[PDB]
Each structure stands twice: as structure tokens, then as C-alpha cells.
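Model the placement of chain A' on the given structure of chain A, informed by the hints.
2 protein chains.
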Amino acid sequence: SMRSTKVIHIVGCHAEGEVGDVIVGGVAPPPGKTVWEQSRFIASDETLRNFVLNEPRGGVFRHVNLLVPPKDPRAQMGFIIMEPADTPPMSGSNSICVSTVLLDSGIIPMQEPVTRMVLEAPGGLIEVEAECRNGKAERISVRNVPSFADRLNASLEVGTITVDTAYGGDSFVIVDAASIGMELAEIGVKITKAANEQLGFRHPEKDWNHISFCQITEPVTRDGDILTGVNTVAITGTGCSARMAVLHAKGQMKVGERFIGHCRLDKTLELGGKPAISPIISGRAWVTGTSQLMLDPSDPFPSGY
Amino acid sequence: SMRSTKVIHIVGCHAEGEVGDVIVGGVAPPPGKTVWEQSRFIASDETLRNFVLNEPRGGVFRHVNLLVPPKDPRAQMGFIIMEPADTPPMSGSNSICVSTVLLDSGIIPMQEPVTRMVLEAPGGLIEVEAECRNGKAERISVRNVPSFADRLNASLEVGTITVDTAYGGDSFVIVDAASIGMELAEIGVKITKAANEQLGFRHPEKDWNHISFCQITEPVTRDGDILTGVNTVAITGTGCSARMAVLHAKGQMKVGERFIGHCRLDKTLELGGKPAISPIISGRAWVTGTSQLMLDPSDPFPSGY
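Each protein sequence line maps, in turn, to chains A and A'. A prime marks a further copy of an entry chain.
Positions 0 to 157, 161 to 184, 193 to 245, 255 to 280, 289 to 332 (the entry's author numbering) are the ones given, in order, by the first sequence.
Positions 0 to 157, 161 to 184, 193 to 245, 255 to 280, 289 to 332 (the entry's author numbering) are the ones given, in order, by the second sequence.
Heads up, a few of these hints could be off.
Partner residues aside, some chain A' positions facing chain A, computed with beta carbon under 8 Å [said to hold, decoys possible]: (1) 104; (2) 134; (3) 135; (4) 315; (5) 323.
Hints are computed from structural coordinates only; laboratory data are not their basis.
Built from N, CA and C at the ideal position, the CB exists for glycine as well.
Here chain A stands alone, though its shape is the one from the complex:
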């Protein structure tokens, strides 16, 4: 015989090779008056995160998204993103997976050639356009939350270097590799540490008040209205949104252009009192299965490992 203290129902999914599994049942919505507050519970409490992210049920590269009811009536569904490192306001790949699961598994009805949805992420509403064909949500385009550069060309003591800070659904300190090197993971974290110490970060209308990661980049190359940039992140759709905000701020990217790390700088906005951009992130996703997660009452690793 088996025993389980809970049963969590998941539709597995990945977007362009990034896992973004989706909890569709078995989890009541977290306490909180807003989707933001609900995500803060999930981040603080950690029970759901550890259970679905850690071995023996998850893995270091797993991301999991929890569907919850929309709090903003303009939205059809809310979701909370659980990544390995944090529980962020938004995530490109995960919003693509959530959209794909909602449409491919029939939770939201599908129109062809295009289905439009409004979803509510912790960081605000996102507009989704899905290209749908023969029953499949083939490609999802998401208008990400307002994204922006916080500091440009800020000096930071680590050598002594220059960095940008930016937000595109999560927060980054962004550094050119050559200005230091071309190991990276190790340097990346000290830089993030230092940036939090000396620059900080505060989102104008959301309570995200730290820098999560460091993005290390090499110079973009331009081909017409497409920019291509090599980068890595020391501990990506929020990465690209944040980087696009910096490139735009420094004049190296204009409205209407695309960035490939697809991302598109759709328009400018004002946020706080300062310039921001509206990024559109797009990608394809595929359902990878269904699962029912369980926990034996005698399992000595209730939070996994």
C-alpha cells in the first residue's frame, strides 16, 4: 500500500528547452489579497517550492508555475513562478509555458489563427497572443511588464569596474565581460553581492528591492533591425528584457527592433517618472506529460533535498 499527505496535479511543459511545469490542481490559492502577496507567501513559506523543485521530484533546472485565480478582473488566470533561485515578479519562458499549458490542455479555449489572453503574474498583467494551428498553440508572444534601466555606468568596487542595473521581470546587474574577462559564475556572484551593497535596487511601483543576478555580456552585433548578443547569468526572457532596457537607454537599440540572446522592443513607456520599455518575448513550448506528486507520511525528506 501507498500513502500520501497530498496530491499535486501537474502538466509538464518546456519552452525552447527551458522547463516550466504547471500545477493545475491540488493546491489551494495561497493567502493574500493580491497575486503579488500570494507569491510572497510562496517565497517565504517554501513548502510548495521545496516539494516541487527539489529532488526527488524536481531537479536543479526545474521551474514550476502555480495557477491561481486572477485577482485583477481583466485577467483570465493568475500564476506564481517558482524558479530554483527565486520567486520572481515575471519570467519570459515560464509565462510562455503557462500560456501553452492553458491553451494546449484546453483550460482556456483556442481560436485560430490567433488566441489572445490576459494573464496576471505577480509583477502585473501580461498580454498574450498565441499563434494557434490545428489545435496547437505553436508560438506564444508575451508583452512583459514594464522594464527599465535603474543605473547606467555606475562605478562599483569589487578591480574597480563599471556596471548597469536593470529590471525586466527580475533584477540584474549587467557587466561587459572584456572589461573584466571573457570562473564567470564566481565573479558574477561577488559583483551581484557588491551591487546590492553599494547601489541597491528599488522598483518604483513594486516591492522588489534587491538585485537578484549578474548578467555578463559581450557586445551586440547588428544585422538590420535584429541585434544579437552573447550573455550568461551567474546565480533568458527577463534577462533579455532587462538588457534591451539598457541597450535602449544607451541608444544602441531603437523601438521596433528585435533582440536575440525572440525579444522585441515594442514601445516606450514611463514608469516612476523615468523611461521604460515594453518588451514582447516570444517562443514555442510543448507539453511533456502529466503527473500526480505525492508524499508518504514516513518519508524523512518531506522538503526533498
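Frame of chain A; chain A' shown alone:
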């Protein structure tokens, strides 16, 4: 809508913190006249392995076991072990998971306080005794396949060092750390490489003719009839079985004693023409859920990544 080219039904499971998920349906038994030949198909063909082991469905630490019909009539069930690195003749933790899934999910009936089963692994029959209480297979004890040392104190050029080689369901070159160091993963693989080059390995009655891994150890400590030994493996129940075979060969472990890396040296045997031991490996396991794995026909990563 969703599409899938296949549906594979799994009962998830871990033994003492090692994942050993079990395929219970959706996969026909592989071609082959023996469970050994079927495992060789699985190793060569790789389709099933890549599909269940790789992201986005698996992860680097996942092991998966495929139930198949017994070919030897003395067995109640056969199984093929799929680890990240290889498809081995036997595995302690995986045989414990297979036993636990068979009993806890009701495939084989449970008697209390003890259920006995005979299973067929690729490397031969294993005898299983499960301590069962209130419906739960609490602890499994497995008589592993005959295990043995192949070479003792063999010289190997790498510095110039001394090693033992041994088999306990998989094959190991075993080296004392201090005799080199106390990085390890990197040295481990060259040592394995060198051992394959200069010593080789050939199992007397099975077609396992190479050394899979290097085990790096520190000296055992003894407390009564319990030996405790620190070790690591550069790329564990087969590890402990192999190590016990060497300790026994060198006189540092006697019949009836236990080794904690639980393992027990139950008795001696002859294999080929040379001494071997019969290890009993024991541990607890817990079911972690059920899943139905799927593959969209348009997913460009049919073998995962």
C-alpha cells in the same frame, strides 16, 4: 489540444535519497531472449533512456527502472536499470526502489511482517526480503549478485600508483585517497581511463568487459562487527558491494560483518574459479508519485537534452 507519440506510466520512488523511478506501463519489453540482452538493447538504442533520463522530463540525478516480464521462471518480475552513466547489471538503490514500487503499489501481494520475492535483474536473479508493516514495505534487503575483486594491488601508470579492481553489480577501479590526495572527479576519470587501458576487466560469467567508474576511498574504521568507510565515485550499493569484496579479499572484513558507506557480507562463494562474496544491501524507499510522460510530435527535442 495536445498530442503525444507515446505515453509512459511511471511510479516515482527514491531509496534513502537516491531516485529510482519505475516504469510500470506503456513500454513493451525490449527485444532479446534474456533480460541481459534486453538491457543491452536499452543501452545501445538509447531512445527510452534519453526520453526518461534527460531534461525536460528527467534530470542529471534521475535513475529509471523498466519493469519487464521475468525470463527466468524462478523470478516474479524482471527489471532493467537505467542510470545516467550506464545501464548496469545491478544496482542496490534501484533494486530497492523496484522492490518498493512492486509491493507498495500492489503489483506483488504483501505479507507481513515479511514478504519474500525473487527478481531478475540484467546481471542475474536477486533475492529480496521486505519488512512490511501496516501496508508499507518499510525496509528492503536485497541479496546482490555475486561480487568479487578482479585485481588487488595492481600497479597502474597515471605519478605511479596502486589500485584494486572489483565488481559488485557494476565495475570499479578503487584507490586510496591519501596514496594520492584527499579535482577528485578529475583525477578519478583519468584513473578509470588508465585502468581500462592497462588492466581491463572481464566478468567470468557475464559480458561486462570494462571498468565503469573509479571509487576513491579513505581507510575504514571498525566498531565491533560494523565497518564504516568514507568514499566517493568519479563519473552506493554496487560501490559498497565491490568495496566489501576487496576488503574481504585483503582480510579487513569477515563473513557476517556489516559495512556502512547498510551492506552485509552474508557469505562467500566461488565465481569463475575464484572467491566472491554474497552481499546483502538494505535500505528504505518511498513512492513519490505517478506520472504519464508524453512527447509532442513537433517537439524538436524528442531525445531531450
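Hints, one by one, checked against the model:
no., hint, result
1, 104, "holds, 6 Å"
2, 134, "holds, 3 Å"
3, 135, "holds, 7 Å"
4, 315, "holds, 5 Å"
5, 323, "holds, 4 Å"
Violation of the numbered hints given earlier is absent; every hint is satisfied by the structure.
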